[PDB]
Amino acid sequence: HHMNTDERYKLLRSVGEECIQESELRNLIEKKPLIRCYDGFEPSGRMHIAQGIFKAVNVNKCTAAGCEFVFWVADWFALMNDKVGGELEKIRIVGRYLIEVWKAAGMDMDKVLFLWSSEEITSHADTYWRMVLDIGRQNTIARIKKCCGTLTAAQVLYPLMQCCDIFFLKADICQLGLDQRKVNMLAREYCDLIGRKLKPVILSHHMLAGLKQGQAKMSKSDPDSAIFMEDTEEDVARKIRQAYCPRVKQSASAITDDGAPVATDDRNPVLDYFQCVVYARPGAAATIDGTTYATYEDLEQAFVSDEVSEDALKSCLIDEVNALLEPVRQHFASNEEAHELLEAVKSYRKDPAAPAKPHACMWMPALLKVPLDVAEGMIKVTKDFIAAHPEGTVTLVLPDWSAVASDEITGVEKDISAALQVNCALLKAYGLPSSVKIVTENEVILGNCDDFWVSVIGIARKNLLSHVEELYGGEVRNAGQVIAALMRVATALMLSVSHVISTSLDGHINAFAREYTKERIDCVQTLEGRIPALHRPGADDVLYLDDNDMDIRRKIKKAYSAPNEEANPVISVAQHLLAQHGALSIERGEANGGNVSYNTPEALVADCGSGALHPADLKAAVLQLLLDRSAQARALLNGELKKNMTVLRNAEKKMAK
């Protein structure tokens, strides 16, 4: 029997307690041959009747209605505890057992796939993890909290990973529990954020009610709240018998944004199992004392009218459920290979490094135009660090991932990579030591992708979301900033770092590294404020590395200075130049004062505030000194970095919007 297109729709729809866009569901049924349903799970190893029987009923309906059904096995998290214990292979077996309960429960596997997160993710780490960070980048942290006093660790990440899966697999339908609602809804919202008309339909299935009064769904910490598949028939009888069983008809449970089942005095888990585990089966009906009830409704009518006695209804269900489970018990009884997985599942129920030589770590500012004051700061800390530790090493990280996460500059990968390579090239030319190694985050991730993201979560699971919000000042811009912070600590540990250097632009972020390693990693702070903005105290009035010679002149012209001033910006810059060089000479025509070299900043002030060091002569000498000092750098603007600069002005254009 081939179902007509209306009957296919009806059958697939029946799966869902809600359907987000039935129109979308239809058009899928009407146009698309191998509609993708996906659903996912972390192998627990103790399978309840909803995972065994009910899922199978719904998988079968989807394959019937002409879907391919992909199971996403979230086994990736097993890698956390893998170096010790090797829990990946153990969780694969728990999974393999689950699939095998599924075969024997009657899942038609013809059109059903199983994918392993561990296998799949690590085969396209690039495409996956970049999307994870983008989903965070484009979303307000408040909105990622809704997918989960204030206890929240970095479980802000789990939703992003989940939301990624949806796109990674190319799911057309999300056929998961109603409680996964908000993550799935996030995916629909995300399509909009990437100009993508076709959206995933959310076909949320019912959450089975807990057996005892006041338990909206099954309880992990109460075995009698649900029927489990390894429950021998005496257990089934005992669990049902005591079950809550109101004499009330069972209307739909109006949906909360949360997806979260709510226990009520009206809901009857005996009647829920009868709807979900019995009648949901294509041809099945329940029989009590010689009468057979064709629909769930008929049985309900019976119970409430008082034709079927509570004891009898529960007797019916027990016979019914042992009937569904018996095939599955024999199979594990007789199929050795099956049995072994079980006894394996049973047995499982048995319950950093400091670098010898010092090494500093600095993060290049993800900025389009880098101030000279920040640049010089970086060069100084480097030179200071090396002098203090000549044996040691310094490393500059270009954050070509984390900076995309935080929505830095345009928040586009190509723009940000360009901004970094240019400004870093300029920084080396401006005087950053050769001895300093330059590495990109991409280089560090590829280097050890598996371990990197594992570390990221490991760290994540030991710290509160609120704390990462503190690190950023208490508010975060987007959920991507949260990922950036974690990544930093991760990079630090992989780079085997003893010191983290921090510019003015890093704020407190980098302390995380220190706190995490329990103060083993020391913090070093940049020394800035030696080159101020050029305008009068109280724009393009800041000197940046990428200033060409035409730019400098303009800025040093506009720069504020008046006569008889002991302090202003042009003096500050002058005072700065004088310290590094060791001196500062200025050419003057005799009768304007004559040529005169200052080897001490006091003297400079002395002459400026009271005396005939005219500002014009000071600026002339300062402007020329910046030019001499910036030569190599500006040669790269017009030369080797010419092409890469193009992207940057294109970026700037965008952002002016």
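Positions refer to the first chain, counted from 1. Superpose the two forms; the largest set of C-alphas matching within 1.5 Å is the rigid core. What changes on going to the form deposited in another entry:
Of the residues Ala294, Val84, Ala254, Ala562, exactly one exceeds or equals a 2 Å C-alpha shift between the two forms once the rigid core is aligned, and that residue is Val84. Relative to the superposed rigid core, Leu34 undergoes a CA displacement smaller than 2 Å between the two forms. A displacement of 2 angstroms or greater separates the C-alpha positions of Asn592 between the two forms, with the rigid core held in common.
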The other form holds:
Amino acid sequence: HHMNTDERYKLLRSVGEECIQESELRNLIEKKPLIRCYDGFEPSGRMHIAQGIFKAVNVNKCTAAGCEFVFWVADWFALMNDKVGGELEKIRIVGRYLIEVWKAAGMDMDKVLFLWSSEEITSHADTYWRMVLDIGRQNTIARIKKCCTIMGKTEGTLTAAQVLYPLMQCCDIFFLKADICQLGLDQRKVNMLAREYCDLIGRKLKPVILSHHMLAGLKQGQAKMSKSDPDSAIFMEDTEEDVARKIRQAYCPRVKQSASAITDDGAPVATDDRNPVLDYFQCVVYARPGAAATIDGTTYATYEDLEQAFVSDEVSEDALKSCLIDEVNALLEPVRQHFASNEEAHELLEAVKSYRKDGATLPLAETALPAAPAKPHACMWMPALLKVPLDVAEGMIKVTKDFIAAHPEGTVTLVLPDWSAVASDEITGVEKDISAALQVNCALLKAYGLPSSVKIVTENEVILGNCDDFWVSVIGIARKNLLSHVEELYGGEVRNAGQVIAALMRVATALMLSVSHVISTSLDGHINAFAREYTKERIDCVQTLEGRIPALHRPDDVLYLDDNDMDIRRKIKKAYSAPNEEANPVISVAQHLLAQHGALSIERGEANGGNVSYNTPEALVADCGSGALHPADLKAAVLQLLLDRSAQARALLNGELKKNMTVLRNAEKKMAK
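Counterpart to the form deposited in one PDB entry, namely the form deposited in another entry:
Here we give the lone chain, stripped of any partners or molecules.
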């Protein structure tokens, strides 16, 4: 029996309570031979019948229709959602068990593949993570805040930098090149975000969202199976005595079952006329191809047939219930038998058993400390700007000298955040652009005299140098701090999720370079304080010294460290400078110059003043107002000095950095739009 197009569409469509784009699903069926359905799971522990049997039933439908089914065994996602005491070591071991059961349960594995999140992410770190960051960059915190029910959590201002998990799950859909997203209706909001992110990255074809039904819980109150009630659902380990007890006492309204209005968040809701006994009949028996119930002689061909018989009292409740008990025990026995016989398999279940010992609530919840650096070491982040002010550059130069002198055999590292800044959506939000901006502005800061002892390093190098350990720590820092906390650092509001990831990345970078002190500029704001806080106030914070080189307007008129000949020339021209005045932006720049050098000298000619030198700031302010220093004589001297100092940095603009300057000024053209 080779199926025609219609027959396959009918069977594949059958798997989903909803199907985002039936039209899209039918294109795939007609066009593509090995369609990728995907699903994923946190190996949380004991396996409930929905996941054991009902999932097998649906995978088998997918594969029969001519699909390939890829399972994302999401070890880290369970870890991020605190699933098993936060002990990852052999959550693997659980995962291994879950697969062993599916085999016994009847999943046809010929076209099913299992991948392990840990293995596959680590292996393609750059590909995976860069996207995980891009999705958070192009999306509002609000939107990702809304994906909270895929993890069984509430958006309640009580989410734990666990706005990362969605970004990652969303990424998985593209990483694994999913054609169809065949996960539960819970996960709806993440899959939605993937479809949305398709319109952004341009990708023409969106993933089809074929969301499966959420099995009802066995008691009146509950819509799904919960963890704190073993009797809410049948588990694959239950003895036939267990299966009896649990279904016998199960809620069982005599009301015809009719499909529920599709909620937005996907999550189910309990009606008083929700009948789980019937829901098990529809999902675990009748959904199997050949399957049909048989009570008291008569065999009900459709589920619908059985349902009528019950509600018209042809079949008793006690009879209906007694049938499901027989019927379910039939589905489990094969699995039970297997683990009673296969020694390797029993070992694996007993292995789950030797984890069961005691439990959470809470001798559990595992995370990870750090250790203190042997000698002093400060790190500082290069402002992610297309034009960095001169005031700022000179500020971060002096902090460096000051720190070196006061910790003579310590160390100083300058970090170029070429990952974080893209996540934050700095500048144009493009990667090539931001990395060019950083590489230039750094190059000049050295030309303006950044010490050689400073170790310059890009985040790319730090991460891809030591990948796992990095992100594992990011994950770990992430778990301990609440979202609401991280948002404080940006003054209580964030522009996008990427900024929540950027703050996390810095703390992580500080820990990895084994930093003692974090150096901050005005552009850093309060972000770097996170490092100090996360280290129980161990890491000290040092603030740069700025506000010596003002804006040139009177109370782009501000000296940036990439000003060329023309720029320095004209910017001064516009600088304010009233006559007989002793307080203005040209003087503030001149006094700074005089301080740094140790004596300013205007170079006149005789009669028209004569030349003069000033080596104090009181002796200049006098001469500017009540005095014989005209705006032009001072401005002339300043401009020469500003140029003369920059000379070294400027040769780079029409030389080595010219290459990248092209790409920078092209960025500036997009921001004008």
